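As structure tokens, one chain now follows by itself in the form solved without the named molecule.
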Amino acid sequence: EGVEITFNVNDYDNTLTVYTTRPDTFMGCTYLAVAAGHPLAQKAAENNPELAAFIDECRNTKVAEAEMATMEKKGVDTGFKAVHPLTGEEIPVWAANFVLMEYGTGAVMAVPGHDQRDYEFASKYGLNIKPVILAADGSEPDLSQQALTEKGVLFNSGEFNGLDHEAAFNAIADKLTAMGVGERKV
């Protein structure tokens, strides 16, 4: 089971939609990443020559999902800001080479504290790494070297603090659904 989540973007006529099987980590989302070929990336390329160059480079490189663990991850800040719907804070939207258009929306929500691929991209570009899952012994996670991917009790997640994995999964999915910006997928 998973959740589709929709974000509004400042100064942009459309929304961004993301799919996640880890909605329990949602309060740790610190940026969004879109494919080189995403409409928002092309829109931003109009007033950004670095992005234009990045997009052309990605055009040549066909990256396969399964070969990505091995590939050099690359991205460019689009300068667009998405609003995190539960937090109300602006987060940057990056174009990245590892996000594809073929399967899915061409946009991902990044949680570098709790997703290893996200951790590596955020470390490389100096993006925020925000912890929202406690280590299994109940301590703050050690994020100094890598992401903590184990399901656990939430902290630093406002109203969802103290909830275990299944409770948090459901509570955040329900919150987003009631707000009209989330949809559970079978």
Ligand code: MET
Second form
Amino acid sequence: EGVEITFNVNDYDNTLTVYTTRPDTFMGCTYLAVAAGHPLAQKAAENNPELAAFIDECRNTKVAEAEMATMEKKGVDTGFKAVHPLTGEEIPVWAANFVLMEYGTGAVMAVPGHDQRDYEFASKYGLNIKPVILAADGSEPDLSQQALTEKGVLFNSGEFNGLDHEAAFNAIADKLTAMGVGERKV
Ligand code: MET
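Switching conditions: you have the form solved without the named molecule, so give me the form solved in complex with the named molecule.
Every chain and every other molecule in the complex is listed next, the one we just looked at coming first.
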């Protein structure tokens, strides 16, 4: 059980769609990551040689999911901005070597405040790291050095503040659904 979530992207005729099993952190989404082989990444490749090079470098490295906690994570800013549906604010779309086309939409929403892979990528590239879950003693999480990986009560999540994990999961899934922008999967 998770959700597909659809973002519009400024100056791009298609949409971006992401799967996650953690809609509860969705207010903490500070950027999107697409596979090198993804249509948006290659529409952008057209006016970007750094990305052309990166895409070719990736086409060589057969990155396997199980080998990923090991590999140097790498990526490039596509230039495209996506609009966060709940928030209204623009977030960068990056191409990343750790996102694949084979399984999934070839795109992922990232919450570096609460997923460690996400935290390492954002640390390395200067992307925003947003706390939305509280530590288990109900303090603000320490995000000076690593991601707070625990499930917990949301904060700094607007209308969703105060909700525990299961309540957040449903309240944010239901909202994205009522906005016709999200879909539960079984
Ligand atoms: C911060 S936990 C959720 C983030 C992760 N990228 C996911 O889509 O599940």
